[PDB]
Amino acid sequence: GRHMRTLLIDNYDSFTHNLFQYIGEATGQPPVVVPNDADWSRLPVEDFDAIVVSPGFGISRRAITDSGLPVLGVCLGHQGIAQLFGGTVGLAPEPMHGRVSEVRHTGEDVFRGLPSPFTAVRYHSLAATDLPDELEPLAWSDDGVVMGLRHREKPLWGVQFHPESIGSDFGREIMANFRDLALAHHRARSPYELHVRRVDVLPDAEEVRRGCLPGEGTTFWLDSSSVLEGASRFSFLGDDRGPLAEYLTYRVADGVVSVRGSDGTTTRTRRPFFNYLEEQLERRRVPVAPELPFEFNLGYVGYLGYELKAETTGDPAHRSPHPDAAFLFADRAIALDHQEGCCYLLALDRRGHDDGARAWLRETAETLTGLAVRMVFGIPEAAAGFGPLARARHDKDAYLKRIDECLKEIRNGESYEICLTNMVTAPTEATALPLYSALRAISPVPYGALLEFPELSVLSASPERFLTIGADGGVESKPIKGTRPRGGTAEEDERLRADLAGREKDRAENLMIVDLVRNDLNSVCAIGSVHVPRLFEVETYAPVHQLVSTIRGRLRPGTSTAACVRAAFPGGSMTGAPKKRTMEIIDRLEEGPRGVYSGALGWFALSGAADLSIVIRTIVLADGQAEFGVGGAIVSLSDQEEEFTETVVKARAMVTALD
């Protein structure tokens, strides 16, 4: 998009150029330095996204009162904020010049991620004694002096210490936090009215699907079938019956978006899907409700197929037999809060209509209250086969040859890691809901989904977070790579878990994906914002042990949520590195489409938030047959037989559901 522009107001003290260095290192951009006595009217304040007020009347006041921009006051600037809003700046208990204090804080805003206490140098005889009602203290010295404050509403922050002093710690981190706060402010800067109703019941999610949604017709169920503090909390359900609901599909080959309106009309448009999605999410922007503990305030629920790579970094090598994208615009949704044991009902009216949103709220609420009442596959059994009626696109011998081709390409330096996949097809008479009811019992996961669309049903037991994007512009990806089968005993199982956490080969497979996802996020994230808070964590699900790494970033200003997904699509954890050359190798060897498998499934909120899973451990139901993808990383250290066995093991939850 673009880089953030910081204004550094020089108040003519001997600190401005140290702050210059710290902003430059923290943000990857030098700030524009302007003297405090410059002409405000002249100054292109419009061009700037964040102001740092240096220590030492003038434009400092204007910046704080008039600019409407995020401001960080450093020392005399901090006192400026306290004063300008009717505070008392009187003498501290002890004058402190070039002297060190332990600063304790709440770890909020500019103090995010800093240890309490941390060491900071002070250069003042004056402190914010009596804080106004509009300001709140965030930090205090061992001396009892206010060291940090903020305005309760406005994006204004003060520190009564020098972050940039040689005797201070985490100076750069404080400046990076302010940049992040500035980005979050500008993202926060509508054709609908969002109605919300909390119901103090939590019925069984499957009872809600069966009781509240129609058996026949287009429906979604975002299923936290595994609920675990910090990993998953919410489930979402809806249908296309609402008067503002739409069903949207995309065909890469035609390049056309087909939208079936609530009217009945299907509109057709020749353009790329991510571009289409970006336009609609901008046009339909609705702010998050502060009484909602989640950020899905309605929007699009559905899937992005692998073949959409043709409009990201990939080639249109193969045609999916399924829509390359399929989404319900959910005008009406049921949210289950599994932590608090309540439901939230969300409904849209057009800004100037009573489209029966409030009527749906009260009726669904009455329906919900009436509904409120109260495995482990080890090797070698897990690696039996794909099922009795099942045909893999590539039989064992075919797949061993593609693995061999992968090892040659790696040896010739064309790829570092190839996520080679197979596609298995099995005739079934099973309908979506009973089959899904068996799958979710077999493999409880944080990112379960049942999509029941006209052209297909998607039965996902994915545990994998592709992208979680806040309305504030915060981004998290948790690529999974490195797999170990479960043990047929609990001894063998704790062993295989330890083996996965410690083996060089699996760590290398995962690390190369972390670097790849870091690269994708760095193309759309602010410089210095991309980091890896967690490397090589082991997660255990009913069918497999998984190596998982966590990568976070913060979107650049001008970068849409849709743009972020496009840049990272398809997921590095399903392609390998380098992505463009590897996707070409996958085109040649797999000799057909992945379809929904290896794509992304989840929601884009009208708030600009998103939560997308990677489509793995998924059954696509269409035209009397079940289709499921399986695969794994091929690296120089890969054994052909072991890699094939891993693909069979990963099929086991799906094979068991269909059995």
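Rigid core (definition): largest C-alpha set, two forms, superposition within 1.5 Å. Positions refer to the first chain, counted from 1. First, how it differs from the form deposited in another entry.
- Rigid core superposed between the two forms, residues 535, 398, 342, 91 considered: the one with a C-alpha shift of 2 Å or more is 91.
- Comparing the forms between the two forms, the C-alpha position of residue 364 differs by less than 2 angstroms, with the core used for superposition.
- Relative to the superposed rigid core, the position of the CA of residue 354 differs between the two forms by less than 2 Å.
- Once the rigid core is used as the reference frame, the Cα position of residue 143 differs between the two forms by 2 Å or more.
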Contents of the next structure:
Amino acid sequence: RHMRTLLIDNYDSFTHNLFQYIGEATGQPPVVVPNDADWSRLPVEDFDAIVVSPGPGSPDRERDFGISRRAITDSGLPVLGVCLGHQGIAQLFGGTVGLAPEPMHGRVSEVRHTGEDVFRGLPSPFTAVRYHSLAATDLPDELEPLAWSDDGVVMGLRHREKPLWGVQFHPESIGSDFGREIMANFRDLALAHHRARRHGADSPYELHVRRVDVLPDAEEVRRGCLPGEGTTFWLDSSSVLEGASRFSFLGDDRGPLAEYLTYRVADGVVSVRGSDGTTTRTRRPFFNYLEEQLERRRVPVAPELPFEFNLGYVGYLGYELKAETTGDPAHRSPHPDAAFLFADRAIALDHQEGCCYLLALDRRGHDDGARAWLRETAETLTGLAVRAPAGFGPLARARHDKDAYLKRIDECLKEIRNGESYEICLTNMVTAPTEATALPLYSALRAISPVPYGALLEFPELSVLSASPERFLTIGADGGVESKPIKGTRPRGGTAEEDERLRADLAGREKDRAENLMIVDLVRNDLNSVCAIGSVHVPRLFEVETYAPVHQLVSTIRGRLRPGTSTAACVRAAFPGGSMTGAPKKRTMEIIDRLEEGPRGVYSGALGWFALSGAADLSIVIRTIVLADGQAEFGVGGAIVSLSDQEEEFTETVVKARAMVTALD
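Any chance you could show the form deposited in another entry after that form deposited in one PDB entry?
Next comes a single chain, given without company.
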């Protein structure tokens, strides 16, 4: 779907220039309607956004618009007023407007701004043409300024409650810059507002929130608040970097409204274990079941929380769920194809601000002891902060040995010779017996490799010990999407200067840049299938990030979901991660199936949370140990392209194992 944009026309003064820019920016032309039109007769319904073109036109028609102003001002739809006059401003905004110190018509102004809403991503200053020599100083308390001119007057504003915006310039004038970006921004605002439109069904839950101004050691929170045995989760920002990673999340299945949930690809059945102990087996595809439950259990985000996870499902998506995306069911995993804890109670650590947030659900109209838990857990955390404030290994066994792996790379190099793939992510699977238990082994791992997306899942069937640095999908409740595919890996150096050498090498090597580039294109394709035209872009390209085990080459891709596209639907379209398959995904996954001679399981999948607000945050499962039956499984791999040497790419798989192997030792 797409937004239906209504463009109000005033004597066709500038209407068709606005037409052009909206069309180019959004890929969808607006519907043009005169300012004399009957708004009651007109189906304002369907129209998701309104743009009000300026005059001057007829004195009569302008007066008629004013008589019927409330059709637009109190309609509830996003509105953008484009450089309106004294009367146009009084009608739509209701403010006072005088003559400007530099009162030229068609004046070229420099506009400085806060970078908010319609001004998102614009440089400050930027050039813009002002037609009306009318501009405000005093604003009513209901109106907030967003931007100002070089002659000290308001160039942009918004109403603090209603989705109304005003620009006191012409974005679409030839003498203006970033006109198309301003119209795309307004389109994006319209998508957010439409997504926030609840209606639907009454929320079955009642979220309760308490902040606690203490921050204990996260492992101590694991030991202090969670059970020694039982099904738990710990989303672990073991590395904390401003703008990169900030929060940790812990919880268990002890709560009354908690559920444990699993899927098998062979069966196609969801298993939901409630608090009763009773497990229920309904049959429908996983992403399909997940969407319905996320829609059913929808809870508004609590704006007091600085994070988006307002409780929901926490777990992993296995690689074999590809069978329900664009892949084939070639190999059955030894582990569940998905597994999530539906968390009704959770501890959130704010590593930035040095406080905790406690989330708990009651059923609507019921007291299930949420507030009792909040009060109780707060007391525990307070006491806890006082005690503790904040090759493959000797017995390891690769699925493919060196000789077998080299032959499989050769196969990959023939595949790329024949044009059947542009890049194959060939991965291996290593198994080793261990006497270690989950928490001690994870304690070792997180010390070795602090990362933004660390995780310890302790489930009945398995334990997942992730030291992933890689962001698969961060999806806002507003429907904004970000993916940061990694491809291009360098081992750390011995000395400081050796490090800087490998840093420089990774960023500048043609080979690596091509690997990354092709994945960026692939991820862009996936996002475009579910995102609005004009929304997909690449803010950063070929950035090197450094972590304890490796240097990594990372690119950032953003987009905004189409209207009616759920978060689950977005994840389906992008799963499995392009960074873990290759280009083109489908054909490259067929090749993966044949060559790997076995399943990946949780490796190469996604691990994270789906929230009841609609938000989500998912990592790629790399640098991860799966713990089950005294066995330790970990997957490793690397990009195969036409330039690829075999032995270097095998050695790469060994290097990516350092963390997991060091921890198991």
